[PDB]
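Residue-level listing of the chains:
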Amino acid sequence: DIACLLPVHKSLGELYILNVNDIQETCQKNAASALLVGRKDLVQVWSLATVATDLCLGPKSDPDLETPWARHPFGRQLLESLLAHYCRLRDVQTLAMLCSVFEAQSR
Amino acid sequence: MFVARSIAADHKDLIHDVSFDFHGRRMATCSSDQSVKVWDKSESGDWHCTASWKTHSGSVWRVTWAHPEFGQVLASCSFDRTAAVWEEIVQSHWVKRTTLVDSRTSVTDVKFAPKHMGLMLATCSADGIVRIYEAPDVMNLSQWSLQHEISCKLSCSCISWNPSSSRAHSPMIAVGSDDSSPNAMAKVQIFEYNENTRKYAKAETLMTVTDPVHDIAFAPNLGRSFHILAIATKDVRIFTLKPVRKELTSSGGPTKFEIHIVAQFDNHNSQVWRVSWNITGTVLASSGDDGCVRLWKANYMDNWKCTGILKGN
Amino acid sequence: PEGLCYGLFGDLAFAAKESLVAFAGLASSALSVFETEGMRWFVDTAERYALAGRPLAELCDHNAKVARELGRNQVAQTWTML
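Protein chains in written order, with the deposited numbering: chain D, 651 to 757; chain G, 1 to 90, 100 to 322; chain C, 340 to 361, 389 to 403, 408 to 452.
It is worth saying that the hints were derived from the structure and are not from the lab. Yeah, the Cβ is synthetic: ideal placement off N, Cα and C, and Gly gets one too. Some hints here could point you the wrong way.
Said to hold, decoys possible - List of simulated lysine-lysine pairs, DSSO-like, C-alpha gap at most 27 Å:
no.: 1; chain 1: C; residue 1: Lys356; chain 2: G; residue 2: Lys320
no.: 2; chain 1: D; residue 1: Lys710; chain 2: G; residue 2: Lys306
no.: 3; chain 1: C; residue 1: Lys356; chain 2: G; residue 2: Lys37
no.: 4; chain 1: C; residue 1: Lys435; chain 2: G; residue 2: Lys41
What the hints assert, rightly or not - Have a look at the derived ranges for each label pair, beta carbon to beta carbon:
no.: 5; chain 1: C; residue 1: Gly423; chain 2: G; residue 2: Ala177; range: 27 to 37 Å
no.: 6; chain 1: G; residue 1: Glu43; chain 2: D; residue 2: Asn669; range: 21 to 31 Å
no.: 7; chain 1: G; residue 1: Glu69; chain 2: D; residue 2: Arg721; range: 32 to 42 Å
no.: 8; chain 1: C; residue 1: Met451; chain 2: G; residue 2: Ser42; range: 38 to 48 Å
no.: 9; chain 1: C; residue 1: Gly423; chain 2: G; residue 2: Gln280; range: 54 to 64 Å
Said to hold, decoys possible - Residues from chain G that keep clear of chain D, each with C-beta distances beyond 12 Å, as calculated:
no.: 10; residue: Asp21
no.: 11; residue: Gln72
no.: 12; residue: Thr107
no.: 13; residue: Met148
no.: 14; residue: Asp187
no.: 15; residue: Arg233
no.: 16; residue: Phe235
no.: 17; residue: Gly262
no.: 18; residue: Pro263
no.: 19; residue: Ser279
no.: 20; residue: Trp286
no.: 21; residue: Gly300
no.: 22; residue: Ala307
no.: 23; residue: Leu319
Chain D on its own, in the form it takes in the complex:
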């Protein structure tokens, strides 16, 4: 058994959840499970995703009302940086989870 070498964990796969209706609950529970397993960077990333995907940052139809949160440097650019880092690490699990959670906000 060589599970201590791959960048993915079976226990995390068993513990992760994905509820479309609620995002904050999913993020909090995923952070708790990641803390339980022993990954700290995962805890930090999940907390950031918890903050960055709140409902109060919903985009507006009229472009002239406010700058969309996607333009803010703590939005799209941060997501791109995280994706690049985990692509270098080859962690498919985290990539899939993030690309699901952030996309789900589009609805």
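Assemble the complex: chain D is given as a structure, and chains G and C must be docked to it using the hints.
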């Protein structure tokens, strides 16, 4: 939407210039009756005139305030080929401190310099000459010295300092003309001060502007890394100036710029007379011959759109 | 024939010839001031922000709460992310 309030000025002729003070509580109006008046508001919000004294012998074109750090100081340019610097002394008495008479033609405009440069004044006359005066002693306003004079080859009509306070930008002044000769020549020229040579030199020239220019205005910088200029003509134009990276050769010449026009509006359908920025340099107000004021703002995609129309009475 | 200026509080002073607004009716001018029912958020934020004397987490939370009070959600989110 805005709410209008009329004020009874009791000026015997046309009101030419209105300007607020530094703190936004006092106002100064100069008219063609050779008169300047000062207005102060109260707790009720009403405006009361607190001073009205004859200043010059001809029409008074422009009047401007100075920074309060130097005291309550006003500067006015007149048609009698003079500029005057007045001060308030304690009741409230306005006393002529200095008179500048070096010009031989009508003085078209006068403006103070940004505070960080000291106490400096710039006057542009109708013959095409811009003069810069400086007071070495801020405690003695009665003495001034002539530092630089620039010839623009064309009659001047308006000037504007660059209000940037950064240390990476040399002082800049923009000068506009209102000539109507059939020859399609340039109308806007931008000079820059060179520390090494200690002289202002021509830096840029706006070749795309050929109509007479009635007013120009820089926008307050307040942290940006480039410059925004607004020009009033038969239409309203907005330009952006981005300085280029200085070459390693360390050339002593003027800084090079990349010039782009980002907005051209002609909704007034007439001659646009005046333009002005807000405090933060984000909203532009333009008044033209239609008798209405228009407000302009840009969204996050750098598209300028009208946001408000105001009508008198 | 016109004069125009802005004020620190969003007020707009505008003086125009009488003819353009309505012996000779061209020798008089009308002066008006337009007011907003403008940047109070600036003053309110500047007056109640916290900048020192407490650990970083407390300062971030306090500033985020203050920002959320005035309705500037993105600023509060930025503080929390910091």
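Status of the hints after comparison with the structure:
1. C:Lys356 / G:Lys320: Given that 27 Å is the threshold and the Cα spacing comes to 13 Å, the pair holds.
2. D:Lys710 / G:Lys306: At roughly 18 Å apart (the allowed maximum being 27 Å), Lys306 (chain G) and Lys710 (chain D) satisfy the hint.
3. C:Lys356 / G:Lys37: 18 Å, holds
4. C:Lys435 / G:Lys41: 36 Å, violated
5. C:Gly423 / G:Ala177: 27 to 37 Å: With Cβ atoms ~34 Å apart, the hint holds.
6. G:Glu43 / D:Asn669: 21 to 31 Å: 58 Å, violated
7. G:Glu69 / D:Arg721: 32 to 42 Å: 39 Å, holds
8. C:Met451 / G:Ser42: 38 to 48 Å: 46 Å, holds
9. C:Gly423 / G:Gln280: 54 to 64 Å: 58 Å, holds
10. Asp21: 33 Å, holds
11. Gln72: 41 Å, holds
12. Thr107: Holds, because the least Cβ-Cβ distance between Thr107 (chain G) and chain D comes to about 48 Å, which exceeds 12 Å.
13. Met148: With a cut-off of 12 Å, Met148 (chain G) remains clear of chain D, as the shortest Cβ separation is near 48 Å.
14. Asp187: 35 Å, holds
15. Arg233: It holds; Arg233 (chain G) is separated from chain D by about 16 Å at its closest Cβ, greater than 12 Å.
16. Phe235: 19 Å, holds
17. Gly262: At roughly 36 Å from the nearest Cβ of chain D, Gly262 (chain G) sits farther out than 12 Å, so the non-interface label holds.
18. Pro263: Given a closest Cβ separation of 34 Å, the condition holds.
19. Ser279: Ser279 (chain G) is indeed farther than 12 Å from all Cβ atoms of chain D, at 27 Å.
20. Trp286: At about 20 Å from chain D, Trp286 (chain G) clears the 12 Å cut-off, so the statement holds.
21. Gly300: The assertion about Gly300 (chain G) holds, with a minimum of 27 Å to chain D.
22. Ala307: Incorrect as stated: the minimum Cβ-Cβ distance to chain D is 9 Å, not above 12 Å.
23. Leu319: Its Cβ never comes within 12 Å of chain D, the nearest being 19 Å, so this holds.
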